[PDB]
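Peer 1: Single-letter residue listing:
Protein chains: 6
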Amino acid sequence: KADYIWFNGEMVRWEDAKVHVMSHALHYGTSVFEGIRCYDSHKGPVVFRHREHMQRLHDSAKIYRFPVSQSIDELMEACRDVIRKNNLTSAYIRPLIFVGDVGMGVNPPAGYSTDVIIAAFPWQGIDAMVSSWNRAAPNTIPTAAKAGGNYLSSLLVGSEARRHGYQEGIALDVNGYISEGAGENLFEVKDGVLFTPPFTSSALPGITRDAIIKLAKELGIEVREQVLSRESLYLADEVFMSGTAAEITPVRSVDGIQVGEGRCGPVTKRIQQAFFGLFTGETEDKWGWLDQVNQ
Amino acid sequence: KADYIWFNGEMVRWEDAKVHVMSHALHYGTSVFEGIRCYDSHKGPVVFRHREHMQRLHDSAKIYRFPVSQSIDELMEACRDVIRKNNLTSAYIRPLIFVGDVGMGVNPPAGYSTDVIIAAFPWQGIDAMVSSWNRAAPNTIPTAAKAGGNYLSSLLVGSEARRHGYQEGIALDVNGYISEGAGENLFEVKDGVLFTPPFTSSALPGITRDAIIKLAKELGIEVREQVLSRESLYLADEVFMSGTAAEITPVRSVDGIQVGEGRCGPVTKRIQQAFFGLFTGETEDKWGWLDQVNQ
Amino acid sequence: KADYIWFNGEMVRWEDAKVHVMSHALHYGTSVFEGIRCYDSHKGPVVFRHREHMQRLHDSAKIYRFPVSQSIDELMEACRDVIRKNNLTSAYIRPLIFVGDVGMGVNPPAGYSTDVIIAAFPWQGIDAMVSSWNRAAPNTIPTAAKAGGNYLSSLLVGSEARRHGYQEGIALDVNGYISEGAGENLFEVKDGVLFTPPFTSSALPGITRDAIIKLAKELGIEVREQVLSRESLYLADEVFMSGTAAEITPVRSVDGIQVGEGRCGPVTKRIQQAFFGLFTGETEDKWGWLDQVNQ
Amino acid sequence: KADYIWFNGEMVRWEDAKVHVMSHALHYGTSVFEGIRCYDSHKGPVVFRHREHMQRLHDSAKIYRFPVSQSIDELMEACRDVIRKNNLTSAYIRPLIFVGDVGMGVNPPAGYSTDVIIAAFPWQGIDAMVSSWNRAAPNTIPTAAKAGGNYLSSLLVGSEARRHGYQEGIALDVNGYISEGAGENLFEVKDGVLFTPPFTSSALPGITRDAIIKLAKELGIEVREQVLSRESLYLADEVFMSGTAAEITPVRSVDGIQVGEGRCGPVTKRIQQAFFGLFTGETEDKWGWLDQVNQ
Amino acid sequence: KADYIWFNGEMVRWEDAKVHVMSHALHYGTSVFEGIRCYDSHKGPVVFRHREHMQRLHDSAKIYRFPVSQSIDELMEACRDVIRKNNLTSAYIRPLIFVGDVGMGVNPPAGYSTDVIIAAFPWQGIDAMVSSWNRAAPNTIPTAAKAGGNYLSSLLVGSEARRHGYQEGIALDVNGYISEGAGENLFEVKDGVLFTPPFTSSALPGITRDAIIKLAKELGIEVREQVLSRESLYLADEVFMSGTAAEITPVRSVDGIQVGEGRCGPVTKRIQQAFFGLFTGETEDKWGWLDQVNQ
Amino acid sequence: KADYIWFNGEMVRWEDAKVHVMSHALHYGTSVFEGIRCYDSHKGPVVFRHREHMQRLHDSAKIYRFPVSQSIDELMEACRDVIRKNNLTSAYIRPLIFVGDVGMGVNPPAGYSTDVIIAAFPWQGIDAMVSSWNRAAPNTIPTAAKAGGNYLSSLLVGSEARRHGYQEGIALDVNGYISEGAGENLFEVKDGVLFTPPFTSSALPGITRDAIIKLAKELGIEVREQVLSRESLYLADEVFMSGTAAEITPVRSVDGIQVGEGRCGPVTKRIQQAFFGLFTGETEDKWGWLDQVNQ
Ligand SMILES: *Cc1c(COP(=O)(O)O)cnc(C)c1O
Ligand SMILES: *Cc1c(COP(=O)(O)O)cnc(C)c1O
Ligand SMILES: *Cc1c(COP(=O)(O)O)cnc(C)c1O
Ligand SMILES: *Cc1c(COP(=O)(O)O)cnc(C)c1O
Ligand SMILES: *Cc1c(COP(=O)(O)O)cnc(C)c1O
Ligand SMILES: *Cc1c(COP(=O)(O)O)cnc(C)c1O
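Residue numbers (PDB author numbering), protein chains in the order written: chain A, 4 to 126, 137 to 308; chain C, 4 to 126, 137 to 308; chain A', 4 to 126, 137 to 308; chain C', 4 to 126, 137 to 308; chain B, 4 to 126, 137 to 308; chain B', 4 to 126, 137 to 308. A prime marks a further copy of an entry chain.
Read the hints as simulated data drawn from the structure, not as lab findings.
A hint or two may mislead.
Identical chains blur together in the list; that is why a pair holds if it fits in one copy or across any two.
[Said to hold, decoys possible] The calculated SDA-like cross-link candidates involving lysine to any residue, where the alpha carbons are at most 20 Å apart (straight line), are:
| no. | residue 1 | residue 2 |
| --- | --- | --- |
| 1 | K230 | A287 |
| 2 | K65 | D204 |
| 3 | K21 | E80 |
| 4 | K21 | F10 |
Could you put the whole structure together from the sequences, leaning on the hints where they help?
Peer 2: This is how it looks when you write it as structure tokens:
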């Protein structure tokens with residue numbers, strides 16, 4: 004927790020960042036959000052993949068049509084201010100754009116607007142389990158949009174797992190194929206080859222997942238994106254999840270069945286290092302993923 | 004609007020019913036809610052199917068394991084208190100149980116509690142359109158729960174129709190069979206028979222829908238809950254929707270194709286007469302659907 | 004073959020009933036048609052279920068929106084004229100409403116019209142087989158509409174069967190459940206109970222199928238409409254198909270597996286008799302299904 | 004229009020190319036057909052991908068076992084004869100093989116033959142809409158065949174869009190993934206990459222689509238045939254359709270949501286320049302796509 | 004154990020009923036079996052719905068075309084002889100029909116034969142879990158047949174449950190609706206109304222399930238065979254399984270959610286009573302369901 | 004036949020490898036097996052991709068959790084010993100792993116054990142038919158495992174074919190795309206390009222299929238593992254199956270439609286040659302696929 008939360012343009016003390024109980028988002032799910040990290044690097048404070056997280060913010064809203072007045076540049080400025088103002092060096096940043104107090108109609112009224120908030124606060138395998146709950150089918154609720162009411166599904170998958178002793182629930186899609194974990198993407202390593210499910214497998218265009226396939230590429234790793242069947246979890250040699258909060262989580266077991274040697278992940282280790290190496294200097298920011306706060 | 008919103012037990016001045024910005028339900032759509040109508044009748048104010056609505060508030064949370072402190076009777080008294088203290092007669096009541104300012108993780112920290120809030124405020138066919146979006150598939154995000162997050166889907170089906178000049182969009186399930194309108198059930202009359210999709214067609218078990226089947230049975234109309242094909246909409250003699258806020262709306266054209274002779278639903282008529290005769294005294298409340306405020 | 008074919012209002016000799024090679028129907032499938040019988044009865048010439056066949060004609064067009072100028076009464080008059088003029092007593096009548104010479108655009112041009120034709124000409138089990146071709150999925154091509162391009166599917170199912178020695182191909186739907194034969198409905202008799210698939214099983218609202226469930230009812234037979242699984246063909250006690258051309262066809266084998274005693278059909282026999290009994294006088298036209306030509 | 008339609012070998016005065024009204028293709032949609040463009044080029048008249056189109060005429064009939072007397076070269080000569088005898092330069096050619104006046108049963112009487120007829124006549138983005146109808150499912154009515162009956166589906170997807178003010182409706186397959194427009198393929202550009210659904214998404218293997226992939230490869234653009242989710246349409250940088258009659262049409266908005274900056278597709282541009290440069294001589298015909306009439 | 008297993012028509016000491024290791028069934032899962040109970044009654048030893056279990060043995064083989072020398076009556080007498088011969092009063096009878104030492108080719112040689120055995124040996138709620146595995150889809154492996162290859166599904170659903178602490182795994186079909194538990198049918202109770210999945214939900218046509226439906230009809234309960242959703246499990250008042258070896262087991266928590274008051278089962282109890290009273294003499298065996306070994 | 008079947012670590016005269024009739028596997032289909040070939044080579048007796056077949060034996064059991072005492076190497080040596088001991092040069096080796104005389108309960112008691120056997124005995138196109146049965150759906154019965162319960166599917170597809178005159182039945186998945194034939198993988202050839210269904214099409218990860226992909230890559234052919242449609246079968250230039258006992262069989266007509274010229278198979282032939290040349294010495298065994306019995 005901290006002080007100050009950027010909110011509709013201005014910095015507000017943590018405690019006065021309040022909203023009415025009749026805001027649309029609280030009843031209908033109508034908000035859209037992001038997860039961004041800020042690492043202290045060899046040059047950092049640096050936020051990892053800023054522009055790309057804010058452009059996703061804008062895209063989630065585009066799908067739903069929540070009018071948004073800030074620009075990606077305005078929004079990135081803001082996020083840097085929140086960090087700086089709060090005197091944070093390594094934090095989890097959280098932008099949210101939600102339909103505020105507007106009526107109680109599902110279809111908000113014309114020329115209405117969203118209120119936008121940006122808060123920040125300081126920041137072997139694990140045994141996953143396959144869940145009985147499937148992820149969202151296709152043309153039903155946009156899995157590409159990172160919208161707030163999507164997380165009901167992440168709640169179902171996640172709790173079920175925790176409730177039984179695991180640390181993660183991997184969900185299948187309505188087709189019976191692997192989609193992803195409760196709230197983060199799933200990678201398998203077979204014979205030294207990469208492999209993740211495509212988005213049509215109701216997976217979400219993770220930005221970490223993205224950085225990974227790229228590093229995998231610099232690292233000389235073939236990467237195949239394709240539909241994975243349940244069984245593959247039992248036959249893979251490595252399995253690991255990715256996400257802004259998690260980064261790279263080795264999964265050493267799935268349904269109790271050991272995933273090769275009980276976590277060791279030679280490929281995983283290589284990728285991990287490529288990853289952290291970025292904040293250390295060992296890895297070249299070929300692409301331009303670090304955006305210092307203190308510029 | 005009104006003044007006074009029952010919030011966790013106390014009545015609060017409406018302008019003061021605020022919630023912090025980091026409340027779980029805003030970000031992750033975790034909240035559950037209901038819609039209840041208060042009608043003025045031949046004796047009313049009379050809350051319609053008050054108990055069924057409150058039980059359903061409880062079923063919906065049971066399904067997501069959200070912890071509710073209040074019993075069903077506490078909730079009912081509080082709804083009646085809310086009506087009175089605002090000096091209301093005919094209103095719309097909105098009870099909302101939601102995960103509050105528990106932390107920022109999807110699985111709320113065990114032993115947390117919800118916040119309940121009850122708010123009340125005063126309160137031919139129509140040309141529907143079949144929508145391009147589909148309702149949630151079966152074992153993904155439970156459609157039998159009136160939950161927050163589900164609403165992204167009523168928004169998608171709902172704006173689309175408005176956007177093209179219709180007054181309601183009817184959604185299909187992932188199998189291509191009729192589900193229900195954006196936020197309300199759908200019925201059709203064929204050779205004087207009733208017909209409405211099963212919950213298995215991704216239809217919410219509606220409290221109004223339930224009332225209509227009962228009345229129908231008393232009016233001696235045969236009723237068939239059965240899966241329906243998109244084309245029946247164009248071949249039916251009558252079609253109409255029902256919901257707590259829309260009672261029974263007849264539909265005169267679907268996709269521009271006139272549902273049998275541009276409205277005058279004889280059966281829709283009789284059912285509209287039975288339903289309203291409840292509040293008039295013409296229809297004998299045999300199930301005990303009306304619950305006065307001042308008792 | 005005969006002389007005279009009603010065509011757009013007038014009677015034309017069989018040989019001059021011609022149309023341009025660039026009529027829309029020949030290239031795009033855009034026609035809609037019916038099959039009606041005319042039996043010589045104890046009072047007949049009588050056409051069986053006239054109005055209901057012409058109303059279906061009108062409904063197929065309604066789904067597709069092929070403007071039609073004739074009325075059901077105009078069209079029935081016509082059909083009686085064609086019969087009478089041709090001096091037919093027992094015939095197969097064939098109305099067709101197709102998009103004529105209009106352009107080569109799939110979406111015919113505004114205020115265009117259809118040309119309508121009405122021609123007539125004189126009019137154990139069988140071993141069916143289950144086909145590898147599935148029937149049309151749901152919201153793809155209206156199985157309720159009896160449109161001309163639908164018959165590609167009937168061609169696939171039918172030829173496959175004939176090509177292998179059977180007399181009929183029963184098709185499953187995309188779900189793996191029984192839908193119907195190539196061009197006629199499928200009934201199973203289990204323990205003295207009826208059973209046919211509903212339309213949502215991509216079956217077509219056969220008018221014979223309709224008369225059957227009715228007679229079944231007068232006859233004291235319970236009738237259940239529901240989703241049948243493949244296996245049921247092997248476990249049923251009776252199986253039989255229906256259609257305007259076929260009437261009631263006992264199926265004594267399916268995939269070589271005998272369907273109870275190699276056709277005997279006690280229930281089938283009862284229904285059959287109820288059916289023919291109609292033209293004989295033995296059965297009462299409770300419903301009003303005979304429409305004499307010579308009135 | 005023109006005068007002279009090649010009909011079963013002879014050239015006939017256009018007004019005389021008539022077919023009896025009881026021809027099979029009118030009632031049962033049994034006919035197969037193609038669309039070929041004749042362009043005037045830096046040497047043209049030049050029939051574009053003439054052989055591929057005629058081979059496809061043959062593939063489509065092979066699939067339904069319609070017997071074709073003419074070889075591929077007979078058909079080509081006849082198409083060139085048709086162009087010449089009508090003194091055409093730039094035209095649209097329509098070859099149609101169809102079941103003629105064989106009897107009235109769905110399975111045409113063995114040893115029957117088709118009738119072929121070849122006719123020729125002279126010849137920002139656009140705002141598409143995602144349709145409420147779905148394209149044919151996999152093993153129902155073969156979508157790899159350009160057949161008559163399939164067209165009921167292009168009509169349904171096509172009028173709907175027109176009916177609501179769009180210039181094209183994009184259809185989804187029964188799985189909720191993008192199939193293709195009403196009668197033409199769909200492509201998207203993302204980070205400068207190409208992407209187009211597989212035939213398995215119920216997409217017809219288009220001859221123009223094929224040309225575009227080839228040119229694209231020569232322009233050095235990466236191409237990915239992969240299943241696509243409805244939402245990619247709103248997130249893509251460019252989107253455009255292709256068909257023999259519509260070449261390459263860019264799409265500027267889908268569902269009212271602007272596809273990246275309301276048209277100017279850089280890549281669509283380059284591909285439009287390569288494709289047209291064929292007829293100009295700027296693009297070297299390496300595959301041999303142009304086939305002169307006068308040779 | 005016991006001694007004397009019937010075997011191809013002869014009784015054989017238990018230790019001599021051996022079969023070669025290259026018997027079809029051990030490699031390819033080509034056996035078909037039954038589960039039958041002998042009950043000590045108010046007149047028993049009495050075999051429960053003996054013939055119906057033998058008819059189904061026949062049906063299971065008829066579908067896979069396995070040949071059967073023995074009539075139902077011979078199988079029945081042999082069943083009795085095995086009971087008497089072993090001096091049993093209450094046991095679990097197990098008849099198998101399997102493909103023997105025939106070749107290593109999946110299609111047994113023509114005119115082969117199945118070996119037959121008949122072994123018989125002496126014979137609050139539970140807490141089910143919804144399984145992460147699904148049951149056979151429709152036209153894949155006939156589910157109306159108790160083939161032994163099937164039990165790989167039961168093996169996976171049941172061990173998942175056991176491994177996690179539960180005592181029964183309930184499985185969903187491919188559609189996501191409820192099917193049945195690992196080895197038994199599933200009934201739900203709502204407002205004193207019955208409810209169970211039909212076969213098309215990939216439910217074996219249980220013989221107990223049927224007994225129960227028949228009883229309930231006598232008790233005057235209404236029954237609804239209708240498709241069911243996962244969530245209905247957490248909202249019913251009572252849920253219970255049935256099968257030859259579990260008779261009528263009550264479930265009291267599903268996924269750790271109480272089925273309306275940690276068991277109390279009112280309708281469940283009326284049923285069990287009526288069930289067991291058939292053995293006691295209290296329930297009239299109106300149907301003829303009890304066959305005494307000693308006749 | 005032969006004499007000496009390995010068995011739980013001992014060699015046993017062929018007639019003494021017997022197993023009790025109440026062994027799990029005969030009732031419940033709980034065995035797991037492999038198909039291996041011993042080839043007389045330019046240096047053989049040589050076992051083809053021996054270890055990979057033994058690893059897969061392990062994998063099949065790992066998925067069903069069947070316990071295994073023997074290492075891969077012990078299974079390998081035992082394989083060799085059975086070859087030598089029987090004085091064989093070319094045979095078909097069959098290793099089984101099955102659940103023995105454990106109880107009649109679907110879940111074997113804890114700490115139980117699987118019995119292991121290893122029998123070995125001496126060891137134009139075809140005309141396939143598309144089957145009316147489909148293959149296991151995705152998360153129902155793991156298809157990446159060669160369990161024996163599975164072969165009920167192979168049993169149904171293959172006998173359908175044989176019964177109708179064909180010699181192989183090709184099966185579709187539940188989606189309607191192509192899966193594989195009764196017992197072997199299916200490859201198609203188009204414009205000198207390879208093509209086969211991925212596993213998610215419910216295709217067993219064949220060991221021949223893999224060999225073939227590897228060869229073709231050496232021959233410089235391009236390969237595409239991609240989902241395939243039924244109709245692609247009638248349009249490819251060459252189609253062929255593969256499996257341990259069929260090596261590489263060419264199909265020349267599918268459903269009675271010639272696969273481009275009643276076999277001539279150019280790419281098919283380059284493959285077979287490269288295949289067989291591994292045994293002759295012509296093809297370099299770059300991978301190490303041949304294990305000599307005598308080491
Ligand atoms: C947020 C999210 C992820 C993680 O995405 P990153 O953008 O890589 O931080 C993965 N799956 C779901 C469901 C998510 O919403
Ligand atoms: C609330 C709701 C209905 C209608 O409910 P009633 O209880 O009849 O008020 C229908 N569909 C959806 C999605 C709903 O939320
Ligand atoms: C025409 C038709 C039938 C038969 O209908 P009747 O109207 O009973 O004559 C059945 N199935 C299909 C596919 C048909 O088009
Ligand atoms: C003909 C057609 C196309 C486009 O074909 P081209 O060969 O590129 O002309 C696309 N979709 C459908 C349904 C078509 O018929
Ligand atoms: C054996 C079986 C049952 C129970 O059937 P009963 O005749 O009633 O004992 C139920 N489900 C499955 C999968 C079974 O095979
Ligand atoms: C055994 C099997 C194959 C063939 O596998 P190979 O290792 O290549 O012999 C293919 N399909 C099925 C269903 C099989 O089980």
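Peer 1: Does each hint hold? Answer for all of them.
Peer 2: Structure-based check of each hint:
1. Taking the shortest alpha-carbon separations for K230 and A287, only the intra-copy value of 11 Å comes in at or below 20 Å, while the best inter-copy value is 31 Å.
2. For the identical chains of this complex, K65 and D204 are inter-copy neighbours only, at 18 Å across copies versus 40 Å inside a copy, given an alpha-carbon limit of 20 Å.
3. When the C-alpha separation of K21 and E80 is checked against a cutoff of 20 Å, the pair qualifies neither within a copy, at 22 Å, nor between copies, at 28 Å.
4. Taking the closest pair of Cα atoms, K21 and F10 come within 20 Å of each other both inside a single copy (10 Å) and across two copies (15 Å).
Checked against the numbered hints listed earlier, the structure breaks hint 3 alone; every other hint is satisfied.
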